[PDB]
Every structure is written in structure tokens, then in C-alpha cells.
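**Q** Take a look at the letters that make up each chain.
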Amino acid sequence: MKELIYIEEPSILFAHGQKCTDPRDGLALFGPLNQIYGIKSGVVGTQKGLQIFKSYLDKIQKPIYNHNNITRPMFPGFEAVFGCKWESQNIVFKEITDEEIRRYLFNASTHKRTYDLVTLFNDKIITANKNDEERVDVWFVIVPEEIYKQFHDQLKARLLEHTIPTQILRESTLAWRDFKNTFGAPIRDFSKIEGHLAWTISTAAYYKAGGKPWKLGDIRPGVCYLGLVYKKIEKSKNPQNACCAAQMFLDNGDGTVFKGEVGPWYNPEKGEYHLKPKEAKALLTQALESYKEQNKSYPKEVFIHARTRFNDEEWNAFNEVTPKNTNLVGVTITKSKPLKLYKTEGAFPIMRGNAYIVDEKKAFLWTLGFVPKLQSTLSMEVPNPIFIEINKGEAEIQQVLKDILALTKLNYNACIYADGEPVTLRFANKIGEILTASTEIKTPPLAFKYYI
Amino acid sequence: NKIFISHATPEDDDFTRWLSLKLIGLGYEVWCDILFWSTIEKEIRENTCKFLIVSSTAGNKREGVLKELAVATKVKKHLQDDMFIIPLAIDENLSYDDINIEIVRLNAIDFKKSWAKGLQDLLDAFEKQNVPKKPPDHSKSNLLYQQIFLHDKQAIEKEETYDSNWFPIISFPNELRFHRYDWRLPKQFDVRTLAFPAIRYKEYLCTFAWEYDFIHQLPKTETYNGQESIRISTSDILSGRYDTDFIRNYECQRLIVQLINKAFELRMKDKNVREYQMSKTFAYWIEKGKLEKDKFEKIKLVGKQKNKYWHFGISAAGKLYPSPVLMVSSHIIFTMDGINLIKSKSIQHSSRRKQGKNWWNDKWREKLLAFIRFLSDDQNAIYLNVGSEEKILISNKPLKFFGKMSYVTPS
DNA sequence: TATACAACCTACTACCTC
RNA sequence: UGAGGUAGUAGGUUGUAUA
Ligand SMILES: [Mg+2]
Numbered sequence: 001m002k003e004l005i006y007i008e009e010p011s012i013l014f015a016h017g018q019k020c021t022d023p024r025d026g027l028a029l030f031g032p033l034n035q036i037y038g039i040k041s042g043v044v045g046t047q048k049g050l051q052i053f054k055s056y057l058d059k060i061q062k063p064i065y066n067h068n069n070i071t072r073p074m075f076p077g078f079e080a081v082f083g084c085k086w087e088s089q090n091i092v093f094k095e096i097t098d099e100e101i102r103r104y105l106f107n108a109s110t111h112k113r114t115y116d117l118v119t120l121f122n123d124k125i126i127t128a129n130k131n132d133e134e135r136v137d138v139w140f141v142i143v144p145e146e147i148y149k205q206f207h208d209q210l211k212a213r214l215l216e217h218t219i220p221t222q223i224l225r226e227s228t229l230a231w232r233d234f235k236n237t238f239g240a241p242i243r244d245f246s247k248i249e250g251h252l253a254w255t256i257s258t259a260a261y262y263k264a265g266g267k268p269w270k271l272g273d274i275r276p277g278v279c280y281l282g283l284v285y286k287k288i289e290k291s292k293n294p295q296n297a298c299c300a301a302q303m304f305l306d307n308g309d310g311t312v313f314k315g316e317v318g319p320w321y322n323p324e325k326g327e328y329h330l331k332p333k334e335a336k337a338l339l340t341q342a343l344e345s346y347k348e349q350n351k352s353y354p355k356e357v358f359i360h361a362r363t364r365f366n367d368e369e370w371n372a373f374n375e376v377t378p379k380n381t382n383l384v385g386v387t388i389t390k391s392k393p394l395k396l397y398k399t400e401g402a403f404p405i406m407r408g409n410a411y412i413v414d415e416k417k418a419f420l421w422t423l424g425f426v427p428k429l430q431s432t433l434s435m436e437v438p439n440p441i442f443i444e445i446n447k448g449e450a451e452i453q454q455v456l457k458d459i460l461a462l463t464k465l466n467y468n469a470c471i472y473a474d475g476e477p478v479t480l481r482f483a484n485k486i487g488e489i490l491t492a493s494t495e496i497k498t499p500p501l502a503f504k505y506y507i
Numbered sequence: 003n004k005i006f007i008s009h010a011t012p013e014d015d016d017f018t019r020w021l022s023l024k025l026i027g028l029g030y031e032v033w034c035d036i037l038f046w047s048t049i050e051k052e053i054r055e056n057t058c059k060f061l062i063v064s065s066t067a068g069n070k071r072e073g074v075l076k077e078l079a080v081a082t083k084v085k086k087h088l089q090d091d092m093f094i095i096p097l098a099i100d101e102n103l104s105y106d107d108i109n110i111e112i113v114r115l116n117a118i119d120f121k122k123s124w125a126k127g128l129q130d131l132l133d134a135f136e137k138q139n140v141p142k143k144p145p146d147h148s149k150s151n152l153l154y155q156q157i158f159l160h161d162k163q164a165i166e167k168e169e170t171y172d173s174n175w176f177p178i179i180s181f182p183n184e185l186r187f188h189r190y191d192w193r194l195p196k197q198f199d200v201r202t203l204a205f206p207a208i209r210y211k212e213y214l215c216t217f218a219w220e221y222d223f224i225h226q227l228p229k230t231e232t233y234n235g236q237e238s239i240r241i242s243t244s245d246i247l248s249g250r251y252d253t254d255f256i257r258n259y260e261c262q263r264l265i266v267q268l269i270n271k272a273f274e275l276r277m278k279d280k281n282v283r284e285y286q287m288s289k290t291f292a293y294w295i296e297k298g299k300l301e302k303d304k305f306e307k308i309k310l311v312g313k314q315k316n317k318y319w320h321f322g323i324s325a326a327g328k329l330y331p332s333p334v335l336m337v338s339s340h341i342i343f344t345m346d347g348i349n350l351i352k353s354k355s356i357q358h359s360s361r362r363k364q365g366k367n368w369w370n371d372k373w374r375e376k377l378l379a380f381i382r383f384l385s386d387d388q389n390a391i392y393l394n395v396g397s398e399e400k401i402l403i404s405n406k407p408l409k410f411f412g413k414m415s416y417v418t419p420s
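Same order as they appear, the protein sequences are chains E and D. Letter by letter, the first sequence follows residues 1 to 149, 205 to 507 in PDB author numbering. Letter by letter, the second sequence follows residues 3 to 38, 46 to 420 in PDB author numbering.
Derived from the structure by calculation, the hints contain no laboratory data. A few of these clues could be false.
[What the hints assert, rightly or not] The calculated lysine-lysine pairs, modelled on BS3-like cross-linking and capped at a C-alpha distance of 30 angstroms, are:
| hint | chain 1 | residue 1 | chain 2 | residue 2 |
| --- | --- | --- | --- | --- |
| 1 | D | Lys317 | E | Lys267 |
| 2 | D | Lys280 | E | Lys392 |
| 3 | D | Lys280 | E | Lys416 |
| 4 | D | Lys76 | D | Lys167 |
| 5 | E | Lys390 | D | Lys142 |
| 6 | E | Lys390 | E | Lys2 |
| 7 | D | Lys121 | E | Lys40 |
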């Protein structure tokens, strides 16, 4: 028999300096940390899209209940939770006629239809942004049903060109009862989860409008956190491999910084998911200067993690550019290595947080599983564990595992208990997906509002 | 210095928890039935300061709230205060003209539109009427939330034993052989499609055997056994310094795992199981005619999904770093008649995802264990005939794990 | 440039929602 | 694209050993 150690779940810091574990439960009792006075919305869609959006925005002003309020907590309402005013009356509207949509989607092509639709929506948004007096914080693109049947990434990149926050909302999400189809049953019924949809939409809107929902408190001061993800831009001419990063360091005191580190550094080879010495030096220097500009001092340790191994050709450059006594640690997080642990007695899966330590440099973290607080499973069937390996450098495995849970506890795009992998990798992948569809953007913004 | 809240028990509950914790956060001692019969009547009389009643369709006719309201009215008629009862309207299907007596003459607060406005006006009313208070202690509204609502939802120091799918190898063949067999094996013969596990690896000295007798496939029978090289499978593993210029110790283990994964595939060809092809591996399943009542040891491995039949299938793969194991992965293979496979590859995904939604830890465990035990010849092992005299033995019982922190299973 | 094999890497589609 | 998860289907690279 082999023993599995347990890692206590991390705690996130909400308003008033109080700690909790579930964001859905900590936002209701205490609330967000910062004060934004209100969200002035903007809609770019058909007039029926405007009606749907206003109906939904009026519906979410009052409490909404789920079927199970232990697994899925209820929603008090936007103003009760966040202390803001996101009303359905201070709404700026830019209409798209059905004639334009039909003209641009009738036959055309595929790469021509998508380009034309993106041009139409972006022309409306950018024109409203540059020549108008009314201030709009978040732009809500209500996409009809015939448009979503590639567009999202193009829209986000071509708006990234001008740094405008945006949120795409299909009409099936907000009016799921009307789009019956089939033989009388909705294609996606939300009847039992209507308190989770409101939670997720509200938290996304709050974050994209300059708000700070929660923050991490249990992480080592001084150390950085970089996550490298490689994407194949090889779909176009001159096949290459682009790399993207994301940094999560802590402020000089009582703060959390979570941005991107982009400028994607390419690789001319085909299967070489690695980096050249000069590009590695540039990446490390940029990250270190980003940390030093905020904390007015150099880091104490750099914690680089990725889904792939690190060769000796890049680590030498990394050590060449690192100054003073800034240590470096390389970690590799594989996801689908075939090890499944069952339970001898019971129909419920293994608890989340169990770690099986193979060697001093390897471990088996369990991120998905059974959460006692929700009394339900975070996944389906038997959960799969992630594999953590200290590739390059010297560090303790337990500290690495604690840091992995801490990173897992930082998803702003959705309001859930936790994820199944560190959020830095996921956000870097999102950034890479956005930047691949673009056309040679120079010095992109480092804020997740424009990407997420 | 207290505040009393009356409400229905099964309904109008979430509002009461929210309001109670919010008022405790700001420093208002509240006495609600959620946090904790004569005690209620004593608190309405000698302790409470403001009596709040929740109005709803579910309420407005419940006995307990009515009795508490009557007691509160009697206390109000003696305390000489006209603001002792403050109704809160938390419904939208009950009119303002259907409210019961004794409260129908009092102006409500209308929590109907939005709860934040109601809370703000409630606090303004409390500040105007000089309700006593203490400095805001936001910690307590977290402490009570943890104590009361999260009492049974935590991590217990409970011990459980966890099964796994890593079936270990008890014993290995003693000698790994390096035969020459020059000019007695054509350069065009594939070393695969041969009865025994063999591969042409390493600078000649090819045809890795683990046993002799590749006769009737390569009839030469004219080999001088002296030139053949023999290594020890004990030093090939555990870094026993088998690393030589002939073959280093890393390539040797990658070379053995190949023989294991070939031995499994050629052994399953002799059992009562058929094969299915996947993207990068093979899966084996049992037909419908075999097995009595479709159950091996009271565990069913084939059934019916509407007009189709479903089979349980497993794969395998060698591994050697932690310990010599055989990682088994579970699959479901769908057929049409019960013996004839379905050539779709597009409906089998939509049937696998359909069938695997009702299956949980128990079903997966029992079906995997039953399928593994079905193949075994010996009671506690399964035989892979790598050779005419040597074999690889895998345990029937998978590796077991155990922990010290756990949870109480739901009913 | 090509056959076979272990070990890793990515990128799409399609169906469930506890 | 409100989100999370589970699978399947395709490929590719390295490392030997052959051509
Ligand atoms: Mg989003």
C-alpha cells in the first residue's frame, strides 16, 4: 500500500480582508475589493437582440434560484452582490439591419463571409468609439443565430488593434426558451442552472469593466510565475511555432498582479516546441523588468512552468540573463497520463487534493474529484490527475504542488469552484489563439480584458 | 438589543440567511431560527428591539409566524413604540391588498424590486430610530457561516483504500538473449508476423528472442550457439550497470517494453476475445455468445442499448520506471447484432458518450476487474507465453493505494 | 530520403452537464 | 462564442537500429 499526501485547499481574499474558498459564496457575503461606480453598456446587434438583452438584464436584477442550492448557489442579484449599477436604461445602441446581414452572408465565401461580418461589427464599434460623446465601458455583441453557423477570434484581434473591451453573447444563451427547435424541447435547457448563468455573466461583465472580484493571499512573496504555451501558426505560409506567456506575481504589499507577457517569440522549425537563446533572453528580461517596475526590486525566484520540457540550450540563456541570486525552477505539467485511482467502497470518486509522490522530482496532483462543500463531483466518470515534474532547477515538490493549487484557484473568466490545471496556461493559450488570427500586431496590450 | 426575524421554514429561507448574515456583519445582534418554543416567546418579550416579519405567499398563513406576530403585537402595545413591527415584502405574486390583518395597516419595505435598496433603507431606518449597534465586525458573519452552514461539509480524518489500474508484473524471464542468425533470416522477412516476440534491433545480433524455436518460419537450424549473446534481465533494469558500448541502459528498457507490448497482443489472439482498432492502439472485447447470462462473476460485460449491443473493452501498455506494470484503460465497443461490429466510427462516439453518463466509480471498477479476471488462467496470474519455456506473469490484483484524509459519503 | 518501434507534442470534432 | 469536463479521430517530432 502506498500513501497519498493531502494538500489543504487554498483560500482567496475577498473584501474587508476576509478569506473564503468558494468565490460564489465569498462574493455574496463580503463582495469585490474595488469600487467601480457603474457599467455603461453598449449593444451591437439586431433590434430583437436589443430586446433580448434588455429582458435578460432586467431579469438578472432580482434573485434567481437553482434546483440545488448546495451544489449551485443562488444569485442574490447584481446590485446586491457587486454594489454596482448595471442597468437596462443607460444603454448605448448601434443597430445592424437584417438587410446588411443577409447581403453579407447570402453566398459570398467562408473566409470572405467571416471577414465581411467582422468588418461590419468592428466598423460599428470603432466608429461609435472614436466619434461620439457617450462613454461605453463594455461592448456587448449580440450575435444572431444565423451568424454563428473563427468569427470570435477575428473580432477580438481586430478590436485588440484599438484596445476596446468586448463580450460576445449569442441569442441562444439569453433566450434559450424561445429557440425551441427539435420537436418541442429546447436545444440547451438552462432551467436547473439559471443561477449559474447569471453568476458567470455578471462576474465576466464586472471583470471586463475594470473590477476586481477576488485575489490570492497564500503565495510566496517575491517569486514570479510564468506560463509558456506554444501554438502552431504553421497554418499559414512559413510554418512556425509561436510562444506566449503570462505572469502572476505579487505586489509590493497586499496585492496581486495577473497580466500577460506577449510579443510572441517564434520558432522556424516544424516540431521544435522549444525556444532560441535570443528569444529566451528577451522573454526573461521582459518578465524581470515587468516585475521590477512594480516591486522596485528584483525577484527572489522565478517559477517557470509549461506543458513541455526545457532543453539545456534555453536554460543556459535563462541563467545567463538572471542577475544576483534569482533562482529559477522549471516545471512540466502533463495532463493525460493514464493513472486512474478508484474507491474500494462507494459510488463516489476520490477526493480532490490527494497527491501521490512518485519521486522527489515527480508527483500526481488530483485537481478534479469530489468536493465536500458542494457534495458533488467536479468532473464526470473517474477523474484524471495531472503530472508535475521539476524538470530544471532545485525546489521542494510539496511547495510546487501548493503553488499549482494556488494557480488553479485564479480563474476570472468563469465563476466556479476550481479548475483542473493552472489558469496561467489556459489564459496564455487564449492569448495565443487570439494572436494567431491577427496580422502582425506590434506591442500588444498586456491586459486580459481585451483578450478574455 | 436584539432583532427578531420571523419566516416560513421550508420556503423564504435563502432571503433569511442572506439578511441575517448581512446584518450580523454590520454589528446588529439578530435572533433567527436558522442560526440556533418557550425561548422564542421569551426573546420576543424581554430581549428583542425590532420585530421583522417576512411576507410571502408561502407565509402569511403559517401558524408559527402568526403566533410570533401576536406575541409581538402584545409586546408592542406595552412598550409604547409604533415601529416595533416592520414587514418586509419579498414576493411578487401576492398583492398589497391580500396581506393578513394585524400587519395590513403597516407600510412595508418592498424588497421586491431589489434586495440592496431594501437593505439600504432598512439601515437608514435603524439609524433614524436609534437601534443600538456595535462597530462592524465582519469576521463574525464568516465565523457563523462556517459553523452553522458548513458544519457537515468539510474534510474528515478518515482512512480509505484506493484501487488502481496498474497491474504489476510479479516475475520476468531470467535472460534477455542476443542471437546472431546471420544469412539464416532473409533481409526481406518482416520480424513481425512471427510467432514469438522478436525485433531486429541493435547492430546485427538481431532477432531479440527471450526463447529459441522460430522453426517452420525460418528453417535453417544451422546456428552455432557460441556467438549468441545473453544478458541478465535483472541488470537491464534497476540501473545495474548493464550499460555497455553494445547497448546503453536507457535503450534496453525501451527495448524490453516493446517485447511486453507485443507479447500481450499476441497472447490475446489465443483467448476468446476479438479485437477493435483505435487511433493508436488495440482494444479487446468479448462476443455475445460467450459467457453465461452475459455475466462472468455477477458483473455484466455485454448488454443492450435500444437496437444495439454494447461490449466492454480494455487496452494495455507496458511501463518500467516505478515498477514493471501493465497500464489498462477501459473502453466500450458497440455492435449491431452482437457478433458483428458496426462500421461507422461516427455513431460509436455518440454511443460511448451516451452510455458512459450513467456509469460511476462502482461500475467501472467491477467491469474492469471482471474483464481482467476473465483472461487469467492461474488463480492469481495471467500467462504471456513469450517463449516455449519462459513467460511473463502479471498479477490479477492491481496496485492498491491508501490515504488518511477523506469525506463522508452522501446518502 | 524511406519501413518498423517507444516516448513525447498538438489540433480538431462531438456529446454530456452531475 | 456564459462555462466546465469527458472521449474519439487525425497527424507530427526525437531517439536508436535498418534502407
Ligand atoms: Mg469569456
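**Q** Taking the earlier hints as the rules, which of them does this structure contradict?
**A** 1, 3, 4 and 5
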